[PDB]
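Since the structure comes first, as structure tokens, the remarks are kept for the end.
Yeah, one chain of the complex is gone here, protein chain that is, but the others are all in their spots.
A, B and C label the chains in the order they appear, each numbered from 1.
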Amino acid sequence: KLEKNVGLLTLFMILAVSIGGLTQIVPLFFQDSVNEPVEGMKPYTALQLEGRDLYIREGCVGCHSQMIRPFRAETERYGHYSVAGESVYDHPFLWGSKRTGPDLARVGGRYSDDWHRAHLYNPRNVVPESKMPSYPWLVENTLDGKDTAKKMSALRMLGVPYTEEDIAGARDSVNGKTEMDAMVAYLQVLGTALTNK
Amino acid sequence: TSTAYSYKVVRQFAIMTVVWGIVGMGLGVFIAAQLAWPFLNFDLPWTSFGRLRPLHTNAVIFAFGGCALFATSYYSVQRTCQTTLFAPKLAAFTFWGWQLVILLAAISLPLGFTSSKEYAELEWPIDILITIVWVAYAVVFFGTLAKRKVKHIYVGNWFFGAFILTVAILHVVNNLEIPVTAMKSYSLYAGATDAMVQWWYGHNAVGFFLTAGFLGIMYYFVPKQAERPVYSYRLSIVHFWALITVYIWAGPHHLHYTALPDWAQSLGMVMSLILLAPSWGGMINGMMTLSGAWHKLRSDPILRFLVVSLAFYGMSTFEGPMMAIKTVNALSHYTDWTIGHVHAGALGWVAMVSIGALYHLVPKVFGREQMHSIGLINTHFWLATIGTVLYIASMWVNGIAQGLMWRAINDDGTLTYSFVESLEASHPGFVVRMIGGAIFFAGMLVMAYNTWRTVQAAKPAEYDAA
Amino acid sequence: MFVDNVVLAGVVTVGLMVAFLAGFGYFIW
Partner (left out) sequence: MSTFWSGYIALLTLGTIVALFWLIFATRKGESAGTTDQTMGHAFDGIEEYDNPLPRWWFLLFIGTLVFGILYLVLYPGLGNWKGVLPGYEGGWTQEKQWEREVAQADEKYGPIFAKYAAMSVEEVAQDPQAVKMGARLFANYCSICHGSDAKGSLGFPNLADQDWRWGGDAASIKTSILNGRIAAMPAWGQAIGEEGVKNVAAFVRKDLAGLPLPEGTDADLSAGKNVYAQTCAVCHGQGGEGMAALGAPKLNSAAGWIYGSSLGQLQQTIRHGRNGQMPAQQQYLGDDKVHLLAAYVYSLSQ
């Protein structure tokens, strides 16, 4: 019966519920294709890394995917379909689940820094029918680069091959730059790794 | 002595369930309005959509749904096995603890501290707090089971119990993260692996937090309100174990045609499709229970809530498997359709069933024979139903429109529509959804008023003893 | 409108949801 047995029910629950996790997550740890970086690719630069964390804090993922599906129309619209190797150093991954705005997996060098600045400052100003929020504070805020060193150390600990050269003076790579500078820096590297390898 | 049920914690969690319901769904309406009229972002970092969205998410799932789950489980388990809650103070801890969690979310998320992982957005210290509170909750519940009176354990508690354990595992695994500073951590995982851990967690979140746990709710309140016996106990077994095991696999249906390997994607689709059966075993067991007593539906609006709740549950546990088919997801993914599915389940199943459950239990727990006004339970029912349907409809329209327009190719192979054209196409949808959600929210206000009126009546309210 | 395999799959899925809901809905009357 095992209806009357609290520990037996508990045990078979924890057992039954585990199989899918063990069978789907675990083998991925050891699969090469999803752990191999694109050959050309480097880790995010201090400024790019800082800007990615800005992208994270602002909730960008919430309207913007970074994952191009292997369909002809998505290929035509955005570029080469995303590859596992592109997101190998992404702690945490920022594939989307919604596209309120377009996919950003390859905003690459599709736009000028100047455009990105104007548009982030006021999307409606450049794209009148945008539903994107204005992000002007990015201009008013300055990175001090205090924690960049720590961040990169942590990511290296997590596998990202940051050099000692990278961590040393990751601060002065960032200090004095504006948050907008960092966001733009991040956006301009997206998907570039693949198309110049 | 002490052979009087501990109704204190249930009382607190009930009231707070209505409160966070209001706050969360309010947030929902607001960000919907932001999607319609971006000026409502107010050029402020803490009120912009990107930051408020996960607040809506967490408030509505973990605060609203969460508190619903606490109140319901603490009431239900106690009666369904006939003893006072194990370690009642520890239950009180789980209350104030959970409240502290929600408040920490409310402060931290608009402040910008987010993991960026969906339904796991709170940073590591809050994840530690959550883990602690949850462990305590587990101890209270499974303890209450362990000191029951009857030999058998009601299936409602199979679902509750399961939900508790697997949510704990889920939460701990998916929030493994190196702390960098006070409110900033990096995920243990990256890329495809992180995606898979994320949606194993993500789906099994609605799978056990919003499905299993609420199936527990259904299994107590549907038979208790209808005063009919539960149909098909065998089904309870099958549908429970099959659901509990198959649902975990459903992770990859989120990551269809992504960088996630094909094999995993497929495993997810196949098992998502298998999942159709158990899921429906739930609504069958719920509805066929009402057979004969359907005349009560015109009589009792609480029962209305529970039943219609099951309707939407089945509908979304059908829609889900369908959208878990790669070719369908090929269109659905990234579109408002996902959101439509979401709120079909969210408003129509979770919200409805927890509403009904509260309308049932709140009088009881407040030493009172019934709600203040049954009429307002009916008007609530209609507001909430109309709202849900409007929401669903607008999101199907928008979603199909989007998928279609995005992939629309001309006779010469070129893309038919700019993304901005699709965006513009979606605005009517955004507004209709804003109104539907608004209406549902209004219903929640009606509930708040009603509940309040009944809450007024007795300061000593310890009725029920058995 | 533009019609593809995928668009058709989506449309009949939504239609099936309308059918399931309609059937259930009138089934409750």
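To be clear about the criterion, a residue touches a chain if its C-beta (ideal position, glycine included) is under 8 Å from a C-beta of that chain, and two chains touch if they have at least 3 such contacts.
When you scan B:104, B:138, B:146 or B:276 for touch with the missing chain, the hit is B:276.
One of B:178, B:237, B:293 or B:448 touches the chain omitted from the figure, and that residue is B:237. The residue touching the chain not shown here, chosen from A:39, A:114 or A:165, is A:114.
The chain not displayed touches chain A at residues 19-20, 22-23, 27, 30-31, 70-72, 75-77, 79, 81, 108-112, 114-115, 118, 126-127, 195. Touch with the hidden chain on the side of chain B covers residues 79-82, 150-152, 154, 156, 220, 223-224, 227, 229-238, 241-242, 245-246, 249, 257, 262-263, 265-267, 269-271, 273-274, 276-278, 280-281, 284, 288, 410, 412-416, 418, 420-421.
Definition applied: only the chains that are shown with their structure count from here on.
The distance from the centre of chain A to the centre of chain C, with each centre set as the mean of the Cα atoms, comes to 36 Å.
In chain B, the residues touching two or more other chains are 330, 407-409.
Looking at chain A, one finds that none of its residues touch two or more other chains.
For chain A in complex with chain B, the residues that touch the partner chain are 3-4, 6, 9-10, 13-14, 16-21, 23-25, 28-29, 31, 33-35, 53, 56-63, 65, 67, 69-74, 76-77, 82-103, 123-124, 127, 129-137, 147, 150-151, 154-155, 157-159. If you check the complex, the residues on chain B that touch chain A are 34-35, 38, 41, 43, 45, 48-54, 112-118, 142, 145-146, 151-153, 158, 161-162, 165-166, 169, 173, 178, 180-181, 184, 186-198, 200, 241, 244-252, 254-255, 257-261, 264, 267-268, 271, 330, 333-335, 338-339, 402, 406-409, 414-415, 419-420, 423-424, 430. By the touch rule above, chain B contacts chain C in their complex via residues 294, 297, 307-308, 311, 314-315, 318-319, 322-323, 325, 327-328, 330-332, 337, 396, 399-400, 403-405, 407-409, 416.
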